[PDB]
Amino acid sequence: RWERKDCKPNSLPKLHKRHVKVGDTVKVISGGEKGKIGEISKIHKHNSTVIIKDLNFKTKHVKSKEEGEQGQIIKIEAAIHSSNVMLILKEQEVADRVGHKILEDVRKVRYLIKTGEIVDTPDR
Amino acid sequence: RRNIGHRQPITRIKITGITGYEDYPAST
Amino acid sequence: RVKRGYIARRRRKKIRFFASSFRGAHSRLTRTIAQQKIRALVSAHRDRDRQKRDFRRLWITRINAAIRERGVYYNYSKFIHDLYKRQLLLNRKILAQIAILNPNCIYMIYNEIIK
Amino acid sequence: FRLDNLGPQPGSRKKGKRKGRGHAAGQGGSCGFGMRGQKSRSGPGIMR
Amino acid sequence: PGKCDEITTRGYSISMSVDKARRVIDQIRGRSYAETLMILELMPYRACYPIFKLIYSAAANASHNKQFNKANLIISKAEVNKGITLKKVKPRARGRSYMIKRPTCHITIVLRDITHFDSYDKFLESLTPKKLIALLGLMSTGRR
Amino acid sequence: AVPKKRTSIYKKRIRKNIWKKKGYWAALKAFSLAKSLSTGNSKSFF
Amino acid sequence: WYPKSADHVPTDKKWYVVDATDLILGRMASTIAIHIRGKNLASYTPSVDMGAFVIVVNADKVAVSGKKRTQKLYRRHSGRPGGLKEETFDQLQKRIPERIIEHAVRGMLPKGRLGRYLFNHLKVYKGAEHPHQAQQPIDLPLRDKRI
Amino acid sequence: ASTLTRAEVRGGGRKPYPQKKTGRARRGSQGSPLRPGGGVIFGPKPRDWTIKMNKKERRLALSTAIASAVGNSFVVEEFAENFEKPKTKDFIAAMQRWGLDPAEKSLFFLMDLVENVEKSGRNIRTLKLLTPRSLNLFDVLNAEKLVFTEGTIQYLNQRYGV
RNA sequence: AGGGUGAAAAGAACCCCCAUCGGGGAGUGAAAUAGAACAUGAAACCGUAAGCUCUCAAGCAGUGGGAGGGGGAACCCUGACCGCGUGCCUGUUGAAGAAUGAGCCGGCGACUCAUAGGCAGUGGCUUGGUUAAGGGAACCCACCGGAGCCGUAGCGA
RNA sequence: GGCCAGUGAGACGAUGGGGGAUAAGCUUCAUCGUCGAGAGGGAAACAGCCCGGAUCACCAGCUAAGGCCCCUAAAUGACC
RNA sequence: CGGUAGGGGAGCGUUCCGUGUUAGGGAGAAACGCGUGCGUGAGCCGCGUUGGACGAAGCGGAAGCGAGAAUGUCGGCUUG
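Chains as they are written, first to last, in the deposited numbering: chain W, 50 to 173; chain T, 207 to 234; chain S, 3 to 117; chain N, 80 to 127; chain U, 26 to 169; chain b, 2 to 47; chain L, 100 to 246; chain G, 100 to 261.
Bear in mind the hints are in silico, worked out from the structure with no lab data behind them.
Calculated cross-link-like contacts (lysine-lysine; reagent style DSS-like; alpha-carbon spacing at most 27 Å): (1) b/12 <-> U/107; (2) b/6 <-> U/126; (3) S/5 <-> N/98; (4) U/115 <-> G/120; (5) b/23 <-> b/36; (6) L/160 <-> L/225; (7) W/54 <-> W/107; (8) U/107 <-> b/17; (9) U/113 <-> b/17; (10) b/6 <-> U/107; (11) G/184 <-> W/150; (12) N/98 <-> G/144.
Turn these sequences into a full structure, and let the hints steer you where they fit.
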């Protein structure tokens with residue numbers, strides 16, 4: 050599996066860099082389940098893999114206890130690549146491409162290019 | 207050694223009938 | 003600038019297929035499949051020219067018996083005194099062929115020759 | 080005169096014979112060097 | 026396809042020579058399950074025990090998995106095949122060394138229960154051809 | 002002492018067949034012992 | 100077109116008879132083995148057994164010219180050394196007579212698988228009567244002025 | 100395109116075992132070409148090919164190429180360009196209204212090559228601007244759609260006569 | 001020396017044979033006769049099933065003729081019997097040779113490049129031909145670069 | 001003449017010879033044949049003897065050297 | 001129009017490049033085979049499968065370019 054370990058500049062794995070951010074409200078662009086909104090929950094930033102909730106349906110199986118008792122099946126939602134997610138706001142319910150601005154203060158934030166909404170929103 | 211082949215250009219004739227065998231029959 | 007090949011496998015599957023029903027290692031074991039191939043072609047020659055020669059032989063003996071069937075001393079020898087003296091354009095040892103299919107006809111031939 | 084259309088005149092170039100590839104080529108095996116002798120052996124050879 | 030008249034029970038690389046497992050496996054080909062059972066139980070062959078465990082895990086694997094009997098249940102083909110073989114270097118006098126191999130069997134047994142439509146007479150009635158295909162589940166020396 | 006040449010597949014199949022078959026004959030004996038050991042009067046197998 | 104090939108012939112082959120009472124050995128055996136092969140048949144074919152059974156009778160009284168009758172020797176050699184067995188034609192014709200002719204034709208006709216198979220088509224008897232009335236054997240034609 | 104011979108490969112030069120007294124071939128190093136460990140016979144090493152082609156002939160290859168492409172609907176021809184704020188839209192639209200646009204490799208060139216066309220000619224992959232300094236036999240040898248300007252038509256005519 | 005399940009472990013919940021090795025269902029996946037000694041999978045080699053056939057045989061084992069039979073209903077399989085046929089390479093005046101070599105299968109493995117002299121084919125130029133080093137907005141290069149070489153006069157130490 | 005090869009101990013048969021023992025399938029030279037480098041038929045098998053020279057196809061015919069009782073083709077054909 | 005050593009003529013094929021991010025291609029690229037289709041031949045067209053991703057033809061170019069022979073050599077397998 051060595052062919053796919055995290056890549057290492059001198060003791061560290063390169064982190065790539067992705068437009069998507071945690072808590073983002075995304076539409077799946079193309080792969081598979083095309084066109085389905087979601088809330089990302091967990092970004093694996095080295096692979097650009099992003100699990101958005103309640104979409105991807107993986108039917109796994111788990112040996113629960115030490116005597117073979119239980120072991121009832123769990124249904125986990127697994128990864129989807131980052132280039133397959135655009136942004137949506139409920140108001141401008143529409144996919145878009147990200148952007149940037151320097152607003153009147155110092156700070157610098159997202160700006161959906163096809164609309165006027167702001168991706169960054171409040172700090173929290 | 208010589209790998210060589212050969213197609214003899216044959217002609218497939220069909221025969222319709224026979225004629226003029228009446229003269230000098232030697233059949234007996 | 004490696005240039006490795008696979009053209010052997012076809013070079014050699016082809017032979018591997020021409021040597022089928024060769025009943026031994028002569029049908030499996032490539033490095034002898036080759037020389038076998040060679041030797042089948044060779045015997046194809048010799049058996050072909052020898053087949054011309056061989057079918058003459060067979061008709062000479064067959065016509066020869068049909069003629070000797072006359073109980074008097076005739077021959078395939080003397081039948082040809084008498085079959086060329088009387089001009090018959092070479093029934094081509096294929097009077098040896100009717101001699102077994104239309105025997106009455108060959109007795110007609112034979113009587114016209116005797117005259 | 081497209082790149083595909085252009086061709087060189089006949090006899091302009093002759094493919095170099097490769098010695099030793101096959102008997103059919105005719106230079107195969109000995110390669111016309113005959114059997115044995117100083118000439119056959121690889122090396123600088125006898126001085127002219 | 027055998028159409029469920031077959032239950033393959035493939036084998037692991039059971040750690041014994043192929044050819045000896047082949048003398049017993051050749052022994053048991055065609056006989057119904059009961060016989061080969063009571064034989065392999067008492068056979069004086071080492072390669073007989075793992076074959077046994079296999080068979081019984083094929084009957085039992087064909088009674089609740091499919092649902093069959095055992096009395097009308099024969100051993101159809103029961104083939105062996107070689108498998109991965111390991112290589113040891115055992116040394117020997119005057120400094121020579123010899124590979125001693127280490128073979129593995131690879132058995133697939135195809136039991137066969139009996140399912141029969143049942144035909145009363147030989148005469149043929151070129152009718153119900155579409156149905157006929159269903160009817161001719163299994164025939165010997167069929168023609169036309 | 003050293004063989005000249007490998008044998009064919011033909012011959013070898015013959016002898017391996019004799020080996021295995023030599024195993025064939027020695028089953029029906031065990032099958033008789035079985036078909037008799039199915040409960041019956043006998044003085045053997047305590 | 101295609102030469103005819105001997106297509107299946109089983110029985111009803113002609114049985115012949117030769118009373119060999121003073122008929123010299125060689126010449127007779129040539130005209131026996133020419134009816135053993137079938138070279139008297141437009142159906143002749145070397146590879147198939149188109150021949151015809153025959154029956155030699157009075158196999159004790161075959162003649163041989165010259166001084167043969169004490170000269171010609173039939174030798175059977177055992178495989179081991181010293182096994183050579185000098186044996187003169189007079190001792191055989193006295194002792195086991197049918198083996199004489201059984202050699203003569205067995206040399207005449209083509210040894211092989213086929214020759215070996217045909218040699219059965221010669222039935223040799225030392226008495227004066229032959230137990231075969233199979234095809235009511237018609238006496239054998241001899242085209243040889245010298246016998 | 101390089102490679103290593105029996106002499107560079109790292110394998111050693113120890114006769115692996117004595118000449119005679121062993122029943123085995125006469126192997127003489129484990130760095131040999133026959134053994135599949137390395138040592139290539141007559142591999143490729145960097146050769147530096149170059150083909151001096153007589154100038155007065157090379158010229159004539161150009162003159163032939165050009166002189167063959169013209170007069171059969173394969174030479175449109177202009178006189179100038181005035182582009183400001185170079186923008187690859189007016190230019191491609193120029194090709195459209197102009198001759199044959201279709202982005203089908205349309206070799207295309209000019210004289211003195213003002214930057215503000217160089218700078219909007221690169222985006223389009225099919226056609227590449229040329230100058231006498233940059234003239235090549237290859238790309239003017241599509242005879243497909245090659246353009247000129249009057250500076251090139253007379254500069255060209257000037258370079259080659261009859 | 002040892003590389004390549006899958007797009008995602010979703011790497012196999014549950015059941016049965018069960019020393020928990022290995023299996024058959026169920027389930028996942030587009031596919032797991034892709035299931036973890038897993039991606040295409042050749043040949044040697046090991047089996048299995050079906051079609052025809054060998055136990056008075058004789059043969060570098062094929063070939064031309066083809067009896068008998070089986071196949072889908074004239075072409076392909078097998079072959080009764082006849083005839084002809086003294087492996088292949090190296091190498092020799094001369095080998096089937098009882099001279100060499102090779103266990104078989106698959107791969108790797110041999111007149112190559114650099115520069116120069118000579119000759120031929122092809123092309124450019126010519127009352128001359130050519131430039132080399134070097135420059136050229138990289139490297140290739142349009143253009144430049146005539147120093148140099150070859151053809152122009154021989155004989156003679 | 002140009003550009004380029006391979007070859008450099010041949011073998012036997014016929015003839016004229018040397019050496020040998022008018023011994024060798026010996027050796028050595030001179031003039032030719034076949035093999036070498038060449039198949040096919042006769043010679044049982046059988047490079048160097050005889051006819052003969054292989055572009056291929058033909059389930060056509062005439063012959064050469066040699067042959068016609070059987071194995072194998074063709075008269076166990078004539079007369080001295 | 002036999003042909004070894006050997007010389008000359010005409011060709012096929014393989015990996016890669018120019019014409020290309022070509023024509024064609026997840027209704028499916030190559031290894032296996034049916035076609036005595038086709039060729040004097042090296043080989044070429046078609047034809048199929050669980051898998052299944054690339055890549056012709058034509059006119060050209062280059063070669064780590066064509067294998068049963070090295071007591072070759074690396075791996076897998078047999079015989080005894």
